[PDB]
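The chain below stands alone and is given as structure tokens, in the form solved without this ligand.
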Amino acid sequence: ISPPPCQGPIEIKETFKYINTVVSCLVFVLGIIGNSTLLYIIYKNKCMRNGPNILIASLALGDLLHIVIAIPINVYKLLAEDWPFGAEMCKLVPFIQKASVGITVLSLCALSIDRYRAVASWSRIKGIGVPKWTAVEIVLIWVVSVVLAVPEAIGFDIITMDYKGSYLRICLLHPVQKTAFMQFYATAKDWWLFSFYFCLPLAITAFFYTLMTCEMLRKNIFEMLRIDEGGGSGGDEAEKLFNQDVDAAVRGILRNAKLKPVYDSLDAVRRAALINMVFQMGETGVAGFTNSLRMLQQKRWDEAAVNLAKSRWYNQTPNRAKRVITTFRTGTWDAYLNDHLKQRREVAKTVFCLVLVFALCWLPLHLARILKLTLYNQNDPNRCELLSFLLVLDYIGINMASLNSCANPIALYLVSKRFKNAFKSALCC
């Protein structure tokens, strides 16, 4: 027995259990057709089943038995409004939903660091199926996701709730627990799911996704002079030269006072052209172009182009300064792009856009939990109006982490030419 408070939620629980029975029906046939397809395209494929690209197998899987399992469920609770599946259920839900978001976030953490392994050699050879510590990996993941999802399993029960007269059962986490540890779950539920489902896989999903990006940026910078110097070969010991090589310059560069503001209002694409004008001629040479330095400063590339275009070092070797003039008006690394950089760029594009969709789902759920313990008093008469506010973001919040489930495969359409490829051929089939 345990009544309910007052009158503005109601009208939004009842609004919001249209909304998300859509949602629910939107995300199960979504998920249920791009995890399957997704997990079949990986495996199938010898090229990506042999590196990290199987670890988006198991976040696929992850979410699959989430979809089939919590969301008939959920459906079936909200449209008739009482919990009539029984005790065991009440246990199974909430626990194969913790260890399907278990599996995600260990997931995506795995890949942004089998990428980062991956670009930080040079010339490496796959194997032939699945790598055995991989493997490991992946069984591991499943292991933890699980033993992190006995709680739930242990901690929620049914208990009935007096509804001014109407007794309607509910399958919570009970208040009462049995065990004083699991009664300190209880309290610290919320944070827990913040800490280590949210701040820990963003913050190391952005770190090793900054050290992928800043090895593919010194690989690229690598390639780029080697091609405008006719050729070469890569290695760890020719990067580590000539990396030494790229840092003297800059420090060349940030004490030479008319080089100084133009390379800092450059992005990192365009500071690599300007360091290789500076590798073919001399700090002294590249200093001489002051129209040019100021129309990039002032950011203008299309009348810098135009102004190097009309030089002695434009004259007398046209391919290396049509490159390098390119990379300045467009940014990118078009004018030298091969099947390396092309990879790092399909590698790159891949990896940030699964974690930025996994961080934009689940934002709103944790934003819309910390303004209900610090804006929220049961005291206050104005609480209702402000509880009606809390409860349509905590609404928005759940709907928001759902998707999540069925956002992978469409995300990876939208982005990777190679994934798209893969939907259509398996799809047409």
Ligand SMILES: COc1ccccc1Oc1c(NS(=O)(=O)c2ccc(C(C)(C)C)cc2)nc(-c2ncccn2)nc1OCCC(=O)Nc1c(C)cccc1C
Given for the second form:
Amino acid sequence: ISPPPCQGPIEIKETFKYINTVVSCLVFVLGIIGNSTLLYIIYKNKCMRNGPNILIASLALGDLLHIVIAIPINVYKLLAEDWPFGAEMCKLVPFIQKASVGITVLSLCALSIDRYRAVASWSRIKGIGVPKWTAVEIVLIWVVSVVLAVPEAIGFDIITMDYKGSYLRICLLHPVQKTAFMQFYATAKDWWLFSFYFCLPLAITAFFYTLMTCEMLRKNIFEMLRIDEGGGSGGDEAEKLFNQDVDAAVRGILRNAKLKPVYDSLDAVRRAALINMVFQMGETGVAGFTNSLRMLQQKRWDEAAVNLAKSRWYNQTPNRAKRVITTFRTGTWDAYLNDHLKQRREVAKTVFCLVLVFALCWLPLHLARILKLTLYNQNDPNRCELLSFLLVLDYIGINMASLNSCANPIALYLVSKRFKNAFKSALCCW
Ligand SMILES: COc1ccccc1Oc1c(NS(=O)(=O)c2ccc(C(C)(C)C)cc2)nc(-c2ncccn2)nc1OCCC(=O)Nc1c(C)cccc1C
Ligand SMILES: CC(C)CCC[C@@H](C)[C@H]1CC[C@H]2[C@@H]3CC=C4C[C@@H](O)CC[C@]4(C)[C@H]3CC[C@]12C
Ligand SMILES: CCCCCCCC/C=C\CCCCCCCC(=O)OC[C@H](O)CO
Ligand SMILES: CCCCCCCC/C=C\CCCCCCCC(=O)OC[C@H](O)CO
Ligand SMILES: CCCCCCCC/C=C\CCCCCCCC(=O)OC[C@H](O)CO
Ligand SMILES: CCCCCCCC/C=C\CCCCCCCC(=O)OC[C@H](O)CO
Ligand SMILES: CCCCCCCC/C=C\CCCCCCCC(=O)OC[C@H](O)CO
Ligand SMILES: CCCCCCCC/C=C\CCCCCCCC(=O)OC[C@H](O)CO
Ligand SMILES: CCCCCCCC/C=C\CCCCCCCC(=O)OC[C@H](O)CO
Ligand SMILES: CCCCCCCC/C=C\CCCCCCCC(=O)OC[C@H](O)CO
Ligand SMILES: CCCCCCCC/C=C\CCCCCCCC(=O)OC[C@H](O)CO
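Given the form solved without this ligand above, produce the structure of the same protein in the form solved in complex with this ligand.
Following is the full complex, with the preceding chain placed first.
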């Protein structure tokens, strides 16, 4: 017997009824096949199961449970223009959904941490089967996500709304909560969702991804020099001593006037090539390539490559010079590519892609909720026009956030050739 009143929302809600229904059905089909296939693939590859990619199976299973339970209910609700179900279903759907993105949030954090740990060591000796502590991680992730979603199950209920004489059943977080905690949860829910399900995963994953790429860069520079010196051995002690020589070499470069401008201007990979040269000829010898240094300062890669090729250094040690100059030219590790550098590159790509896909899928909806919280005043005279914009962004945000439930298998297919090959075997060859 409770009502609402305006103008702008009406046609947007009706217009988006078909958009929301189509996106949900798309997510349902793409998500059901992609995540089932992903689970199938991950557990079968015993070298995958050995390590961090078992957390990706946790991702896929959590999204699968949301897809099979919550999305059909939402489709029925959209078409019915009412909540046709009972109170139990009203409590179940938001509980399942909140638990599922919690599993996604914590799995992505765990994946970025475990990838960082793997990079930090030399001569990694893997065990057989799922590592015991990764299994503990999975249980903990799922238990915490479920406990955090419990308030949805407690708070949601069915109420009847009267809209201009028409009665509608609506499933929502009940306006009156019984306990003081549940009343606090209702007031704080919107900020809490932004904090735990958006800010926390971005903070954890950005930090550990950054640590991981920094250690990958040091190991790649270490292998670059060892390969160019005819061979050598890695390990924590060997790397630490080498890193001190690198740090000292960069300290020298920053105190020499010819080298600092080109060094500061260069990217990380191209700085390694310049450090490589400093290791071979010393600091003053590198300063001699004024024309070449100028070209690298002005980003003339091909031009700089030719000038370096025409040098005494090139004549004496051509094989090393060719590799160094390719590094300058491409800004990649392709000339020094071995299995270690190959595996480091694939690892960085998959973690980066999954986190970025999560962030972009969810950012519009979180931005919706925030703008509505801070800005929407119904007491402001032009109340209905601002609502129209927020309602449209909220609808877009809902569909884009929903896409993340099916996006990870597709992203893995597109980014990792290992996963792409495994996808083809399971689907195209079945
Ligand atoms: C961490 O979680 C969030 C963080 C920040 C903001 C929102 C967050 O989560 C939500 C979200 N949360 S909610 O507002 O508490 C809510 C949940 C369920 C329900 C019914 C349907 C049971 C009555 C009504 C309201 N609501 C919707 C929503 N979608 C459609 C209509 C009404 N509401 N979408 C979200 O994410 C979109 C992705 C998604 O998967 N949504 C979804 C889908 C696609 C189907 C079913 C249920 C849901 C929540
Ligand atoms: C694998 C992918 C491409 C399949 C896509 C399935 C989508 C497009 C299908 C599945 C269910 C379908 C909906 C089911 C019922 C209705 C209600 C009707 O009043 C309008 C059409 C509408 C809204 C359909 C639109 C198309 C639809 C959403
Ligand atoms: C890449 C994935 C391929 C698969 C895609 C499957 C086919 C979807 C095609 C059309 C559905 C479009 C539905 C969304 C449009 C809703 C119509 C609408 O809102 O119309 C309002 C009207 O203009 C007010 O008068
Ligand atoms: C794999 C993990 C997934 C976990 C999924 C849990 C599913 C069961 C829970 C709620 C469904 C409710 C069904 C709605 C029908 C209600 C009928 C009824 O009245 O009885 C049940 C109620 O608990 C007493 O009345
Ligand atoms: C991704 C899907 C999540 C994984 C599967 C989910 C876990 C299912 C196991 C136990 C249910 C949770 C047990 C605690 C939740 C029940 C609490 C509750 O329902 O409260 C009733 C409320 O008080 C009435 O008003
Ligand atoms: C792997 C390890 C698995 C560990 C598994 C942990 C499961 C959840 C534990 C604590 C969360 C519960 C904390 C909240 C307690 C609520 C107390 C309560 O229910 O209060 C009654 C209420 O006051 C009457 O109306
Ligand atoms: C294959 C599926 C895998 C699914 C794996 C999921 C693991 C969930 C395990 C324990 C969570 C139990 C949560 C218990 C929450 C206790 C607090 C509570 O229930 O509060 C109700 C409130 O008191 C009413 O008024
Ligand atoms: C690595 C360090 C991470 C540390 C672990 C962080 C995990 C949770 C994240 C944010 C906490 C939630 C903050 C949100 C506060 C609840 C909502 C609120 O602000 O309630 C007050 C209300 O606005 C009055 O009107
Ligand atoms: C120097 C050490 C600091 C290192 C930091 C790393 C930890 C960051 C992790 C989570 C932060 C999440 C913060 C979420 C902020 C939103 C909370 C908020 O805005 O409060 C609501 C509103 O203001 C009330 O009315
Ligand atoms: C592309 C199809 C878009 C469909 C509709 C929008 C859906 C929005 C969700 C995700 C899009 C963003 C995903 C971006 C992933 C980038 C991965 C990447 O950049 O590769 C890593 C490498 O290190 C450098 O390329
Ligand atoms: C996953 C991506 C989700 C898909 C997102 C696609 C972008 C939707 C933008 C505008 C459509 C709705 C705009 C409605 C603005 C006009 C509302 C109105 O009242 O117009 C009535 C007339 O029939 C028509 O304009």
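Numbering follows the first chain given and starts at 1. Take the two forms, find the largest set of C-alpha atoms that superpose within 1.5 Å, and that set is the rigid core.
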Comparing forms between the two forms after core superposition, the one residue of 65, 363, 33, 375 displaced by 2 Å or more at CA: 375
